[PDB]
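K.L.:
Here are the chains, one letter per residue:
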Amino acid sequence: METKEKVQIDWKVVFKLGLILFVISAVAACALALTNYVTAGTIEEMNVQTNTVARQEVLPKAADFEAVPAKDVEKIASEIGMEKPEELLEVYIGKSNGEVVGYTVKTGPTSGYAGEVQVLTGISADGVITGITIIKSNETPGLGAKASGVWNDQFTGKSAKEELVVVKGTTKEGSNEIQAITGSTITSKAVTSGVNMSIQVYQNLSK
Amino acid sequence: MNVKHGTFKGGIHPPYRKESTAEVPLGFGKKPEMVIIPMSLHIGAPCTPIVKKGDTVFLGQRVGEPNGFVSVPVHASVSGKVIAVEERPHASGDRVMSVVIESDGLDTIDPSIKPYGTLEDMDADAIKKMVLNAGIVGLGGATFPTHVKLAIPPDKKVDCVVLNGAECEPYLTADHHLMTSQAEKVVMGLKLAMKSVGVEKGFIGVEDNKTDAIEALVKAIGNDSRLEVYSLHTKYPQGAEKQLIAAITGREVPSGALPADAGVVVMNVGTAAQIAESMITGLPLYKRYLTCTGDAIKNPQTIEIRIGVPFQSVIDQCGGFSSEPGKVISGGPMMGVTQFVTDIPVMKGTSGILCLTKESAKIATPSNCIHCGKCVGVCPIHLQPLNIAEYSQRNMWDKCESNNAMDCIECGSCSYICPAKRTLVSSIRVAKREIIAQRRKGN
Amino acid sequence: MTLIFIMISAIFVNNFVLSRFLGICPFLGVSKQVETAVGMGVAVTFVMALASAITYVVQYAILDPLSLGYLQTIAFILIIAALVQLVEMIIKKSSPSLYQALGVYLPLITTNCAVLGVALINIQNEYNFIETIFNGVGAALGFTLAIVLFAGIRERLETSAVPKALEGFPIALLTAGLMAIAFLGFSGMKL
Amino acid sequence: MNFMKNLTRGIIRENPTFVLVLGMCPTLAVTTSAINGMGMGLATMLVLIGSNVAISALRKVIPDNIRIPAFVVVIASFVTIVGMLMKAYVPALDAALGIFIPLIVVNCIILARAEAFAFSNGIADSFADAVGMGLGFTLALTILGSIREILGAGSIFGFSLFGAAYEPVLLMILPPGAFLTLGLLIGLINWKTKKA
Amino acid sequence: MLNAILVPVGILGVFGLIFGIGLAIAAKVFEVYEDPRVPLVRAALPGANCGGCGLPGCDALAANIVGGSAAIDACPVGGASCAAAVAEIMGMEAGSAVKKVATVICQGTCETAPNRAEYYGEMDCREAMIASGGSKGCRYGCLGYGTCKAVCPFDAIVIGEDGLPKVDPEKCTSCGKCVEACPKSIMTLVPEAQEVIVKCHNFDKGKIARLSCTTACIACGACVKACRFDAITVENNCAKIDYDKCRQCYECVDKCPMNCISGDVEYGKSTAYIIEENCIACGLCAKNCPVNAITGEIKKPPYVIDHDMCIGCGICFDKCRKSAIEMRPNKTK
Amino acid sequence: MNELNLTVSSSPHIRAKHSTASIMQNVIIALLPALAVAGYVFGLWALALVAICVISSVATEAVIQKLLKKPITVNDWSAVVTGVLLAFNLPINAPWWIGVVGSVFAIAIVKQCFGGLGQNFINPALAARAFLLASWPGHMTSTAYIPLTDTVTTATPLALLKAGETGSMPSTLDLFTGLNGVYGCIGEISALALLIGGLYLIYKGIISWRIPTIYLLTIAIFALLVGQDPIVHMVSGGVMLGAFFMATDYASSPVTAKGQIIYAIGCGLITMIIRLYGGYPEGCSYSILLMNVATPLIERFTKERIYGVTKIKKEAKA
Ligand SMILES: NC(=O)c1ccc[n+]([C@@H]2O[C@H](COP(=O)([O-])OP(=O)(O)OC[C@H]3O[C@@H](n4cnc5c(N)ncnc54)[C@H](O)[C@@H]3O)[C@@H](O)[C@H]2O)c1
Ligand SMILES: Cc1cc2nc3c(=O)[nH]c(=O)nc-3n(C[C@H](O)[C@H](O)[C@H](O)COP(=O)(O)O)c2cc1C
Ligand SMILES: Cc1cc2nc3c(=O)[nH]c(=O)nc-3n(C[C@H](O)[C@H](O)[C@H](O)CO)c2cc1C
Ligand code: SF4
Ligand code: SF4
Ligand code: SF4
Ligand code: SF4
Ligand code: SF4
Ligand code: SF4
Ligand code: SF4
Ligand code: SF4
Ligand code: SF4
Ligand code: SF4
Ligand code: FES
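Chains as they are written, first to last, in the UniProt record's numbering: chain A, 1 to 207; chain B, 1 to 443; chain C, 1 to 191; chain D, 1 to 196; chain E, 1 to 333; chain F, 1 to 318.
By construction, these hints were calculated from the structure, which means they are not laboratory data.
Among the clues, some could well be false.
Said to hold, decoys possible - When the alpha-carbon atoms are kept at most 20 Å apart in a straight line, the in silico DMTMM-like pairs for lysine to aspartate or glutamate are as follows:
no., chain 1, residue 1, chain 2, residue 2
1, E, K245, E, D318
2, A, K12, E, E31
3, B, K201, B, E241
4, F, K311, B, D407
5, E, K207, B, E87
6, C, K92, E, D35
7, C, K93, E, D35
8, C, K190, A, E83
9, B, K362, E, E122
10, C, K190, A, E116
11, C, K32, F, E299
12, F, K303, C, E158
As the list claims (entries may be wrong) - To be clear about the criterion: a stretch of chain F counts as covered by chain B if any three or more of its residues have a C-beta under 8 Å from a C-beta of chain B, and this derived list gives those stretches:
no., stretch
13, 111–119
14, 196–203
15, 216–229
16, 306–315
Beta carbons are placed, not taken as given, at the ideal position from N, Cα and C, and that holds for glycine.
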């Protein structure tokens with residue numbers, strides 16, 4: 001019965017297998033906890049610094065950025081007319097010499113081709129988009145990775161009163177017209193969508 | 001008469017050139033001077049000769065006794081003096097034990113030969129004994145002994161006898177002339193075989209292109225309702241055993257089995273005609289209707305020839321070579337065996353002497369398979385030769401056995417229809433031989 | 001409809017072997033025959049389903065309240081590998097038959113990228129429990145379908161006269177590349 | 001004599017990408033450029049060294065029944081250490097890699113060489129084998145990434161080659177391009193070996 | 001601060017303990033019941049996976065063996081060393097298996113044995129065997145289409161310029177694949193030390209064989225009369241040399257009418273070359289020595305013996321109780 | 001004796017008249033009217049592109065087959081057929097190097113690397129289109145650009161159907177003959193010429209009616225079930241050439257009747273699914289390639305019952 005009671009005194013193999021695995025796992029967990037205590041704060045500090053320099057690149061006219069409360073971040077997201085927003089991450093207000101100089105919004109995209117892409121949009125106080133920057137994009141290289149670079153220059157200096165539209169062509173026929181990247185049209189319609197939520201947020205904030 | 005039509009699934013339609021010899025009336029041959037009688041005239045064990053140098057024999061004299069159950073005696077075709085007993089060339093390409101003999105000149109018959117009687121005097125055991133004594137084998141090509149087929153085992157039940165009068169091969173019109181001229185002998189042989197087996201149903205398989213043979217058979221049958229004649233669609237390999245049995249009776253012979261399992265006994269028309277002739281006269285099998293044809297023959301025709309006459313003598317009887325032959329074939333184009341020299345005596349089972357010239361013997365070199373799927377569409381056994389051939393060429397005998405390479409009948413349709421001019425039936429024969437050799441070695 | 005969409009996306013649109021670069025070493029190693037491919041597919045299916053269930057029930061109940069997202073991979077390994085060991089034990093004695101030690105590829109089910117990758121994706125995508133099981137089963141069925149089709153193609157190529165330099169693994173890689181080219185047509189489907 | 005023999009065997013004669021046919025998911029998934037291939041090769045080399053040293057040092061305490069959990073637990077701990085260190089130091093490489101950094105544990109090369117050579121050999125021999133095999137994997141990844149980047153981006157290590165009007169072969173960096181390139185490279189290697 | 005270290009250690013330890021307990025309680029139930037006879041024999045076999053010994057693969061012998069259905073030397077690829085290793089694992093003596101090489105027993109070129117009908121079809125020996133039993137003038141001769149070369153896995157057979165295959169003695173492991181795969185049943189296995197071989201597989205009589213090939217065995221019977229040790233026999237009108245009783249006296253090759261036996265005249269001639277140290281002038285050699293090529297007076301050392309001619313023999317390692325006679329190949333070339 | 005030098009073989013000693021060269025010559029003869037209509041609608045550049053593809057394919061096959069010491073088999077006319085069918089897939093604005101690269105990829109990797117003629121497993125002309133479309137979408141997206149007025153086309157009729165803009169579609173009869181305001185690939189302007197070629201191929205016995213008939217039938221049935229116009233769906237796009245000349249490929253289609261029926265049904269279903277719900281304006285290439293991948297499974301599962309075996313019930317090996 002039960003293989004001669006696990007060969008009488010040979011229950012020790014059943015005991016020692018578990019004990020050895022327990023000791024090895026405990027040692028590995030102790031090492032992992034120690035290294036987590038060593039390098040936990042550096043990761044978040046580097047992430048904050050990267051976000052800060054990215055925000056500085058987008059809006060050079062702002063001396064410093066002030067963070068709006070997250071309750072407001074949900075508040076404007078609730079009523080200005082998107083079905084399931086779930087993407088208005090953060091809104092910052094630029095500040096310089098006693099006057100508000102612009103806004104920066106990390107919204108987007110809606111629905112990308114291979115997931116979601118986070119686009120940072122900076123709009124000046126007088127109603128001019130000063131530039132956009134992509135900070136997270138899990139797209140295929142060669143097609144979706146081309147959206148960060150010269151193409152972003154298409155979004156600079158444009159007015160901030162009407163929504164943008166993406167067109168398939170090599171001719172600029174409209175002020176609110178954006179030329180799509182050749183070979184990648186789904187991504188080019190998602191970044192402009194993030195710009196559309198950004199200008200909607202700016203229009204609500206200007207009121 | 002209720003003439004019924006039957007056919008099967010698959011096959012080809014080769015260009016039957018039955019015009020140069022079919023309309024030419026059948027002639028005879030001159031009295032031969034010398035004959036080579038081999039000891040291997042059948043698929044069974046070879047016989048042992050008893051005549052030595054300097055002896056004198058007559059027609060029908062015994063020359064070699066059988067050795068085993070599946071073996072048949074061999075009789076001398078023409079009376080004369082034996083001059084040598086030695087190894088001589090054979091239709092299979094090898095050299096076999098044989099007796100060469102020059103003839104006397106007057107064709108004296110054996111006094112011991114007597115008629116066996118009539119149909120009502122002859123019972124089944126005596127019919128089997130007469131078939132064994134007369135030296136009658138399968139004239140359809142296989143040269144299998146007839147007395148083995150007529151001796152059915154007690155554990156197998158048979159209900160009908162089928163005559164195979166369907167020459168599916170091109171260039172061969174021997175059976176056409178046989179049923180055109182000797183229909184009564186065919187009917188008598190069918191009746192004798194049916195009485196020997198102990199059945200009551202008889203069928204005859206004749207292709208529809210020979211309407212004169214159909215009319216002659218219908219006239220010869222008379223008012224006997226126990227025998228029927230079937231007009232089959234002109235096709236190849238319709239003359240085969242399994243295909244004829246599936247067309248006439250509708251039954252299918254099981255894989256790896258015999259027609260005795262299907263309840264049928266099938267014989268060639270020529271075998272029945274020879275059985276009737278031996279019953280009437282008592283003489284053994286020493287003559288055969290042999291057709292000589294091809295584009296290298298001046299006057300192709302069908303003639304009655306003895307057994308033991310070399311190919312050169314009969315070829316010279318048919319006017320000789322018009323040009324230089326490139327292939328000499330002993331049989332049909334799709335089943336014949338190619339030859340090395342023309343000093344080979346005619347067999348009991350040789351069906352035709354075919355001579356192909358150099359222009360008609362040129363076949364293009366085999367090329368890559370294009371996977372057209374035409375070999376599978378013409379198989380009467382529903383195999384896929386494009387797999388069996390590729391497995392045989394790569395030395396994979398297990399997959400050849402798994403792909404049913406032993407169910408092939410070697411009809412040659414797959415290699416005929418192939419656009420790439422490949423050799424599919426030779427690789428399948430290689431696989432068959434290797435599987436049989438492995439089975440022999442393992443036991 | 002949503003579960004059917006998840007299964008379709010896991011099997012056809014986002015097949016793990018042919019569209020996500022997960023689980024290729026056993027896809028190339030044991031796909032020489034159809035029967036071994038089917039056995040591998042069944043074993044991987046059972047392992048993937050059990051792994052998806054256990055890592056889902058451990059991720060949202062144990063690790064998340066305690067804020068231990070850094071140990072996650074290690075924990076998942078202790079869920080996967082041990083089970084695979086039991087699977088390696090099942091294939092020999094429990095059922096008295098089926099008698100196949102795959103060879104340097106049965107211990108690699110723990111090392112299979114399609115087993116841990118589906119578990120990681122299934123929390124990266126924030127799916128529910130029934131959705132977790134359905135997506136795991138769909139990924140397993142996609143792996144089985146891909147390996148069965150590849151085994152069939154290789155058994156067909158067994159008769160082709162491939163060159164001696166390309167016999168073996170290079171022809172398998174070329175066949176996998178052509179299969180991926182064929183499967184590229186499902187990209188961008190929004191059902 | 002065995003140290004250099006094992007190192008040379010790991011570098012040239014084994015070459016897990018080209019001959020052993022292992023570790024193929026990070027081989028075909030991240031070799032779109034030479035820098036990513038170099039980073040994967042270095043990380044795999046470091047993890048393989050650590051895991052092989054630890055396993056060969058702990059060969060006398062691991063029984064034959066729970067070998068897989070202990071082996072992959074040690075490998076996973078080392079992989080987590082390496083991944084956190086490169087998260088702290090090299091964020092660009094980790095961002096380019098993504099999902100395959102936690103998936104270093106499921107590299108078939110690491111556990112295959114743990115269960116094949118590191119379990120029944122000494123510390124020095126296992127260390128030499130790990131060094132040689134990591135160098136071979138790094139060289140294979142670098143060669144494949146360089147070829148793929150040359151054909152599908154017109155650059156090596158970020159420096160453009162075919163001017164600026166070159167239109168890239170966009171399937172080169174796609175999965176079929178990697179599969180076809182690896183098949184052709186292994187075929188060329190086999191032909192050169194057989195004809196020599 | 002302490003609890004941040006106790007929490008993961010405790011969690012992973014609990015998981016490891018319960019998983020190890022489960023695996024250990026399942027392992028004892030899931031018992032394979034294997035014997036230590038398969039794991040210790042895997043490096044003794046070469047692992048070539050070459051089927052000429054029996055069961056497929058080289059991993060099939062370490063699933064067998066505990067039944068006695070195969071001998072110790074069943075694997076010829078491993079040879080004497082592998083056979084001795086298997087025998088010492090099983091605990092019995094290992095036989096002295098002489099190494100063997102595949103050899104053709106037909107020496108016929110396209111010039112010596114011309115064809116009589118050109119052949120159309122696939123270039124293979126079995127395919128030519130189907131087409132009316134080969135196209136060669138000699139029925140039993142070598143076709144030369146290269147089936148034995150395509151079957152041999154060690155690449156030890158090279159088809160020569162004359163059509164016959166040549167087997168490299170260094171690369172042949174005597175696996176026996178080419179012997180079974182030759183349709184003409186020509187390939188055989190010969191010991192490496194044996195040089196005098198009858199190289200004609202012809203079963204025909206005198207005149208036919210002489211007409212077919214210029215180096216054909218005609219069963220004249222001179223080789224049997226020349227042989228003294230009774231090692232060569234004429235069966236089926238063909239000569240065959242029994243390699244066990246052949247002492248290589250090189251006398252059958254001399255008296256063959258048309259050089260049908262593979263050998264050269266360079267042999268023996270050592271009329272009892274005797275080391276001076278280990279003989280006591282016994283005088284047991286000059287008595288008869290049938291051809292009388294030793295005669296002397298008691299022969300005190302050193303031996304005064306004239307060497308003019310001999311028989312070869314090669315058997316005088318048993319007539320000496322002290323083994324003073326030494327055999328050395330000393331002739332022309 | 002006289003030296004009668006005969007020939008030796010096993011069986012049969014008579015063969016059929018047809019061969020591979022005749023089959024491919026008849027395929028090209030059937031393809032010729034589509035080339036004529038392509039030359040009429042577009043101009044001399046279509047013929048120039050066809051010649052470029054043919055020359056590239058022939059040269060690539062000859063060079064690769066010579067470098068491998070194999071006998072040169074450019075006389076079976078398979079390379080010319082592959083080059084013509086690949087040049088029929090290209091737009092009029094495709095540069096010459098696209099055609100050369102496609103021909104090199106079709107002959108070298110797809111065909112010659114697997115063994116040669118009839119020894120591959122996938123469609124070469126569709127593999128060379130599924131590679132140029134994914135590598136250079138900018139050139140493979142803008143198919144055909146010049147009407148007589150040079151600016152009244154914008155898009156092509158198949159994309160307008162997916163976009164819902166049916167107000168500028170041809171009136172379902174000009175799109176059939178292919179005369180005015182229709183623009184696709186080189187050989188897809190006219191469906192009547194492809195229908196004539198397919199009928200000629202069916203008459204000659206080279207292809208079987210099963211795959212084209214069932215393909216068109218299931219496309220019509222699906223388009224009628226959803227609610228679209230079936231005639232517009234069969235006529236427009238590369239349905240005709242794909243069904244007649246590419247789904248009926250020899251080395252990548254099942255050899256049995258049930259296999260061909262299931263292959264055609266699957267091809268039609270996947271084509272309609274990809275067209276209606278996928279990201280591409282057409283899905284003939286990807287559906288055909290997918291059914292070429294799954295062809296060995298259908299071949300394995302649809303074997304004909306061999307004469308004699310009466311369905312042994314899986315109990316002879318237990
Ligand atoms: N010249 C001609 O008219 C001609 C025409 C076509 C074919 N042939 C050749 O004839 C040869 C015949 O081949 P096959 O495939 O028909 O059959 P087969 O050669 O296998 O044997 C023929 C007869 O023997 C049976 N048989 C064998 N052993 C038996 C037994 N113990 N009991 C009962 N029956 C037994 C067969 O079914 C049949 O009755 C073929 O090789 C063929 O190609 C000649
Ligand atoms: C491919 C093939 C074709 C055959 N064609 C014929 C034929 O046309 N006529 C014929 O009598 N036998 C033909 N046979 C032989 C038959 O199968 C059968 O064995 C023979 O007719 C029996 O002869 P028997 O009546 O003398 O017993 C053919 C065999 C094969 C394999
Ligand atoms: C009916 C028919 C259709 C063919 N269709 C194609 C095809 O799309 N593309 C192709 O390249 N070759 C085609 N070929 C040529 C064909 O290459 C060759 O048989 C093998 O496909 C090689 O892959 C065809 C040949 C025939 C007879
Ligand atoms: S495989 Fe056999 S049965 Fe089928 S066609 Fe060829 S020879 Fe006839
Ligand atoms: S008929 Fe010939 S070319 Fe066609 S599939 Fe069969 S073997 Fe291949
Ligand atoms: S012959 Fe020797 S090496 Fe070859 S498979 Fe047999 S045992 Fe193994
Ligand atoms: S020559 Fe013959 S016995 Fe020697 S290795 Fe080759 S196949 Fe084996
Ligand atoms: S020895 Fe035998 S197998 Fe080798 S070439 Fe000669 S006949 Fe063929
Ligand atoms: S006669 Fe002897 S040596 Fe000459 S070919 Fe025949 S077997 Fe060879
Ligand atoms: S001497 Fe030569 S020819 Fe005479 S029997 Fe001996 S081997 Fe044959
Ligand atoms: S070498 Fe001497 S012993 Fe050997 S067979 Fe010839 S004569 Fe006889
Ligand atoms: S020991 Fe030898 S050498 Fe000396 S006498 Fe005796 S036989 Fe002669
Ligand atoms: S072996 Fe004997 S018989 Fe022969 S030479 Fe020597 S001593 Fe004389
Ligand atoms: S399956 Fe081998 S590394 Fe992913």
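K.L.:
Now look at each hint and say whether the structure bears it out.
P.N.:
Status of each hint after checking the structure:
| no. | hint | result |
| --- | --- | --- |
| 1 | E:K245 to E:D318 | holds (15 Å) |
| 2 | A:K12 to E:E31 | holds (17 Å) |
| 3 | B:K201 to B:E241 | holds (18 Å) |
| 4 | F:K311 to B:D407 | holds (15 Å) |
| 5 | E:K207 to B:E87 | holds (12 Å) |
| 6 | C:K92 to E:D35 | holds (15 Å) |
| 7 | C:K93 to E:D35 | holds (15 Å) |
| 8 | C:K190 to A:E83 | holds (19 Å) |
| 9 | B:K362 to E:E122 | holds (15 Å) |
| 10 | C:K190 to A:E116 | holds (15 Å) |
| 11 | C:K32 to F:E299 | holds (17 Å) |
| 12 | F:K303 to C:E158 | holds (18 Å) |
| 13 | 111–119 | holds (count 5) |
| 14 | 196–203 | violated (count 0) |
| 15 | 216–229 | violated (count 0) |
| 16 | 306–315 | holds (count 5) |
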